[PDB]
Amino acid sequence: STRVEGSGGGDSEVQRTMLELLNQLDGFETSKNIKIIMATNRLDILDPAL
Amino acid sequence: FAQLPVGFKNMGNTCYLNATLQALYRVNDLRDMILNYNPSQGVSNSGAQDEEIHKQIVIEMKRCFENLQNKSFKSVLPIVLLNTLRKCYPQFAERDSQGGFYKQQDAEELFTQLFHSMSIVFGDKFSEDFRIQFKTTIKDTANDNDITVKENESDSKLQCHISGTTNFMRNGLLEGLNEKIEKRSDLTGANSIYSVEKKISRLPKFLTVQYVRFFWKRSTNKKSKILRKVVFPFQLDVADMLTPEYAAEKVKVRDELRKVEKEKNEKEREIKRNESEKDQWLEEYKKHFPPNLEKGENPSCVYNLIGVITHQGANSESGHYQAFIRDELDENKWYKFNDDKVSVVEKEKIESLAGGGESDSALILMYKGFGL
Amino acid sequence: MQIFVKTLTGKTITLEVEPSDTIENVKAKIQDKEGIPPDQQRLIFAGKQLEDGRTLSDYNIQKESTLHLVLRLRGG
Amino acid sequence: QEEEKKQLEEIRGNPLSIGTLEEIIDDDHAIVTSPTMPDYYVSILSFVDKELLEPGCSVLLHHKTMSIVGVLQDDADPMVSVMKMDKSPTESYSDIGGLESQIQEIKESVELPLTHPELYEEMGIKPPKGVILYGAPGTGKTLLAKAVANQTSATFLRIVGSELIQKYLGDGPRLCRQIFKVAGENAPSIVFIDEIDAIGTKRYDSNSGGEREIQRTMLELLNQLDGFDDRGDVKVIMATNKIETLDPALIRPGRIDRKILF
Amino acid sequence: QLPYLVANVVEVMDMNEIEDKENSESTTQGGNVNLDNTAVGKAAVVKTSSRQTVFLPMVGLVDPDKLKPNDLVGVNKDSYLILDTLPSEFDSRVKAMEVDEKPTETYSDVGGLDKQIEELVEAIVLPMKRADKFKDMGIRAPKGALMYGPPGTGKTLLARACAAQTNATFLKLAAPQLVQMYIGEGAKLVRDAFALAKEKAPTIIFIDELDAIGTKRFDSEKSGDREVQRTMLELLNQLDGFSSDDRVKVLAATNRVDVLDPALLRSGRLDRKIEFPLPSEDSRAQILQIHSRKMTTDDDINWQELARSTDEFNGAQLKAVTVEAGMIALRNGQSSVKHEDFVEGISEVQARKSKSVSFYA
Amino acid sequence: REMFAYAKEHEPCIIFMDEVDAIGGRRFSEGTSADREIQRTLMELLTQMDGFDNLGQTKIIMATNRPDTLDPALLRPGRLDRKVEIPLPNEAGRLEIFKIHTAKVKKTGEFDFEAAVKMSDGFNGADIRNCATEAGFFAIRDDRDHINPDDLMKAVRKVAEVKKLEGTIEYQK
Amino acid sequence: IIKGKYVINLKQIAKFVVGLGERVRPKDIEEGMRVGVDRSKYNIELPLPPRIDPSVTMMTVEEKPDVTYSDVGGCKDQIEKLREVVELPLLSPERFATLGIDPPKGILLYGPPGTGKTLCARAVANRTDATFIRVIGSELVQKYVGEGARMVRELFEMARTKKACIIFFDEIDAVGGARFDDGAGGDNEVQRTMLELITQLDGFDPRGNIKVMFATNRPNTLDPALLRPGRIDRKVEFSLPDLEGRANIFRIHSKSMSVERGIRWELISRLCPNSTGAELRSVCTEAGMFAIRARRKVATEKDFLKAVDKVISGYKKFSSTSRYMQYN
Ligand SMILES: Nc1ncnc2c1ncn2[C@@H]1O[C@H](COP(=O)(O)OP(=O)(O)OP(=O)(O)O)[C@@H](O)[C@H]1O
Ligand SMILES: Nc1ncnc2c1ncn2[C@@H]1O[C@H](COP(=O)(O)OP(=O)(O)OP(=O)(O)O)[C@@H](O)[C@H]1O
Ligand SMILES: Nc1ncnc2c1ncn2[C@@H]1O[C@H](COP(=O)(O)OP(=O)(O)OP(=O)(O)O)[C@@H](O)[C@H]1O
Ligand SMILES: [Mg+2]
Ligand SMILES: [Mg+2]
Ligand SMILES: [Mg+2]
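The listed protein sequences derive, respectively, from chains A, B, C, D, E, F and G.
Sequential numbering from 132 applies to the first sequence in my numbering.
Sequential numbering from 5 applies to the second sequence in my numbering.
Sequential numbering from 272 applies to the third sequence in my numbering.
Sequential numbering from 13 applies to the fourth sequence in my numbering.
Sequential numbering from -5 applies to the fifth sequence in my numbering.
Sequential numbering from -17 applies to the sixth sequence in my numbering.
Sequential numbering from 327 applies to the seventh sequence in my numbering.
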């Protein structure tokens, strides 16, 4: 309850780190097979940079 | 062809002799003296027969140094010297063990014996260069009843006594010249405690400080080794051990020695694409001290190392001497001598020899004056 | 004379000797008071080694002199 | 081949007793502390070059009397795995086709002095150092950094700014200090700090995060980025659109030389 | 002769001694006639620092008078027999507290601070020396004295000088040292700090900086301050009498006295509370003279002139004028220090660079 | 754990916890590891205090200097059944304390405390014994061996003065 | 030490009683010293340096970078004050013995960044050739509290053994700050090591040839007992270059660059407002990127003008065109 005023979600802080790596995952060993299945209660409480 | 001095070879581990020789040649006036001299040039001997051997020793040194200059011997030949010292000092003609091994000499013992051979050949003028004059005050403790002033007190090496409470250079050095001596004295009874303190009157051209990491156990009755790390910088400045009157003279010449030192750091770059400092120190020499020059008087208090004799060893055990000698042809360049091995070390590596614990103990600190 | 030997231990001693008696006698009396065997002793005065069979009159030593006791090391 | 290995194995173990070298002594000895427990005052066989080993080394001790048989050259962390990369992008530049004159400010001060120092020798004085990329999100900042790294082919480190913010203190500074120490250690490196806008907007709890955590890490970065280290080549690329949450000693010139607006 | 294990004693739980006809034990065993069959004499259980316990028959040369149920003993390592007794263990940082004989800087290297000296001797020294008159009076000594006031007044200097002058065992302790990321090893420096002190009693425990363990907090929320305060609490425990602390004292220096814990307002911890004031007119004059005695001055100096023209300067500032004058003397190039130079060190070094920019102030 | 065991073979035991604020701490463990160390030791107590292990001739006296530091499971009754507060000594409760401490010291003869003490409040019970100690310094100054009501009346001023240096504020249940 | 055997506790925690071999001296055992004992029958063979707990202070010992002593800008007078406090008593404590004063040891380096705060301390590291031990204030903070107390204390005493050393306190705005109370904070645990810095500077023993520098970006918040005037003795404000001072710096910089002669280093200073020399270090290098753009081997007046505009405009776009956080 200090992590929702601290980052909008401390899980989303980790989620941000994953997602940026994912940007160049189009071939490093030949493109994706590790998907990001993300989930939440809504997206108005997700960061607008996700 | 080579670009840096060719090493010395072992003859059954004559490392104790090799180590002294290299450092002695870096002593400025020494290396001139043995080469300039010639037998039957006017010196003759009516006194001791050991004088004759002394003069061979001077020659023997001069031939080894000539071989050392050459780059068509890849290892210098000590051989000729060994035999004259065995005859001169039969301490060196003994066996420390059988097998072709001889008596393994202390480096101190050779330093003194060689100096005695040279001081007699070249006389008193050469003697003063290695010798320190003191202005000694012998004072009665609890209100002087006398002053005895001694100028016959002299050593060629100051004694830095460590009892495991000195671990810095200034201490021990200072506190071996300061001592309390029990003297039969008709002033205050029939024995009185006089405080004897020796403060340096005239600085030697070349300074030796002798470190004491050796000890006699009075508890197992066996020698041991002080294993205390003695930290000190490169750079020894003597003004805590100077006599108050003589201190004023020496500082002033030193002051100008730092001044021209600052300019050289810029100027050495220009001239590349010894007279500068000496000329300044000589002009000062005449003002503060008797005319033109003297033997055993050095107005400089800044002392740069020319060699350290490093020992690896303990109680009375057989060891190995290594030597580090200052390069006089490149400044801030040092040569590491592991007798046959010769390596490039910087001046910085020399300070790292201040440690110990089993080996790499500085035993003798060889200095040359910086104004000379 | 009375002469003095500043030991590396941190004390000065007195020795009763005669100037006509050699350096060997000096080392014998140190052995009484300290326990150092009399052949590990190297006694320096004036930067000169002092040798047995030389008197304290061949190096012209006289009272109010301090000889400094140092002990040899072996190499090899 | 035969004779060198023979007498090399004759002093070399059977069990090789991994140790950790705390510090060396210059008398051919060292003090190791083993992860098993007991310390030892070890010798050194010393055909291994007296001065080639340094604190933090992994050393091979002898299964009998512990002597340094040898020295392992390299070891690594899983925390520098995040830093370092195996990738080889399948995009090269002009899949950043467009915005092709504000990209001469990132291949004339990032690419070029690696490619030609010869040009900067004609003029002499120090070559470029540093950029900050800033502008709207989605205008290519992310791919710009990854596109110069395919050209240059020098060690490309990439670290997210949300991992520089941690929920534990004291290890924050050690992480930040590290990046550039590794980076200088390999002679060429380009360190992409993606999202240095993330240091004032991301924070966990407020009793091990907060003002304090954020202030320290910034302080560390000043020493690292330029400071007094004189570390190796670390060309820096920073992406940001919160440039006014950074220090004035960060956006100071000579750590940013040409800054790019998008 | 060496080596042997060093251990402590769990307990002495003796068995009855060997003179009997049926067993010689305190715990009944099956079967009858026994005297040495499985019967044993007195018993000592000792705990190693190799982390076990062994039931050994205690050595018959070591008494139960030489055994306490905590005593530190030698134990033979090869076969466990209590070899000897040794004094109680101390950590190396606690061995590092003890005296070296720090020199006395007598009241003559002090400038001003008369009132401070008077209370100091009164609070600590005299309860030791006139410890008979404290008993005749019927009162107890004050357990310690707090030293507080702004930095610059030589808080730490005075305590060293005067403890060494009158000679009571001077324990050197800095509070941050009690802070450790260990617990049960860093808290143990406190434990050993009194065990040592009762043996070397009478003694003064000087703690410099009583804010590292003198946290006013003991309502802590989500922080490692609960680790910190456990060296505060173990202090308050041995500052209580379970006697063998009456002769053990405390001096404490600290920069600020508004940060102390309410269990240090109370008497029984630091009963006397001394403040260090900012200097006075007379005091300032004295201080300058004490520094300038070291260096060489001219004979045209008037120490009141300087003391008038400096107002509200603390002793550290004043030390910082006398040094500053000889900087200026070196720049002119002299060998003596004028009275005009100290005056210029007022401006060059104070505490603040000038009054500021003023635009209508 | 093993201390409670001791308490069941030794008769009617009385366990004084002195000045406990160390493991008084709450759940925290968002801070350092020390806060879980507290936790481990705390859980240990509860199982002892109430369970199949029940006491009756083992008593807990718990001494603390502030009780709102604690975790509320250490404020739990039937482990703590009576919560006795001892307040600051009262207006004439200081008087009662003074009459036992004037017997210990040497005195001219003093049964004139009463007015001065009530209107020099600010004392805890240990400061009353510090009025006697500080009055023995005023005595030492005069070179007296007795506590005078001249010495005492300067003492109560001083001792009150040095305690105003910091305040203390505490509230209770 | 028991007076006439010794008690050692091994690192294997295990306590034993030991004595003296024949390579030991008794005068050479000191409390807290490490020793070597026989792996079989514990007996002292060779004593060893004290304290194996520090191992990260051997990586803050630094060789002196040859940024040269002339490298620093100007011939201004603030660095000459330093040469009186720090440098000269290492070269000559004679003149301070003739004075008899206590030689000043400490000094504060403060002022705006980009003035070369650390750049003159790299120069002074060239000249004095004393040990430089460099500290980072944020490197003094560890996961658990009291761990950094160990660090600082030991670092100091290692420097006491070292002779002719200098400790360069860099960036100690964190640990080093002011002391205050929070009542629930996490700042307290930091303030522990803040205190640890005080108690070693004054000590109960003086600093025996430890010259001390504090480098702070900010005087706006600092301790009043790490800023007491007797242990930081003279404090030198480092300033912005003058209209002459920028001309001097820019001449050090453009003498290093190939420019085609007949130019004014005066003119470029005038065009700039009162500014840093770190900008002047970057007027050259960005003018050189314009030099390569035109494909000159040289640099001319034209490209200098563009550069001066380039930096100023970004300065306005950025903080610290007015930031000093008041006080003088
Ligand atoms: N100017 C451009 N030229 C060519 N391609 C572009 C350009 N701008 C964006 N793209 C394409 O859009 C992409 C998405 O960009 P990316 O995710 O790298 O954008 P970003 O600006 O880094 O986003 P963010 O604002 O979230 O940091 C790139 O991967 C790129 O191929
Ligand atoms: N009253 C004084 N008389 C003479 N000298 C003083 C006086 N007060 C301070 N000094 C000088 O100032 C120096 C520094 O004082 P010291 O640091 O011991 O004081 P302090 O109150 O403990 O300050 P702090 O601990 O805050 O640094 C002393 O060594 C002493 O020379
Ligand atoms: N006075 C100067 N003369 C010449 N060059 C300077 C000067 N000051 C700074 N510089 C140049 O700027 C570069 C960087 O400055 P430096 O990093 O020393 O700043 P700083 O003062 O340490 O600031 P901070 O520590 O707050 O970031 C130097 O490497 C040098 O090239
Ligand atoms: Mg992106
Ligand atoms: Mg203090
Ligand atoms: Mg800096």
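Errors might be hidden in some of the hints.
[What the hints assert, rightly or not] Here are some chain B residues pointing at chain D (derived, C-beta under 10 Å): (1) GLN316; (2) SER320; (3) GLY360; (4) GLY361; (5) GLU362.
No wet-lab data here; the hints were simulated from the structure.
All residues carry an ideal CB built from backbone N, CA and C; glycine is no exception.
Hint-by-hint comparison with the structure:
With a cut of 10 Å, the hint placing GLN316 of chain B at the interface with chain D holds, because the nearest CB-to-CB distance is about 8 Å. A cut of 10 Å between beta carbons decides the hint on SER320 of chain B: the least distance to chain D is about 19 Å, and the hint is violated. Below 10 Å, beta-carbon pairs count as interface contacts, and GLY360 of chain B has one with chain D at about 7 Å; its hint therefore holds. Evaluation of the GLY361 of chain B hint against chain D yields a held restraint, the C-beta minimum of about 5 Å falling below 10 Å.
Interface restraint check: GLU362 of chain B against chain D, minimum CB-CB distance 5 Å, threshold 10 Å, status holds.
Violated hint for the displayed structure: number 2, the only one.
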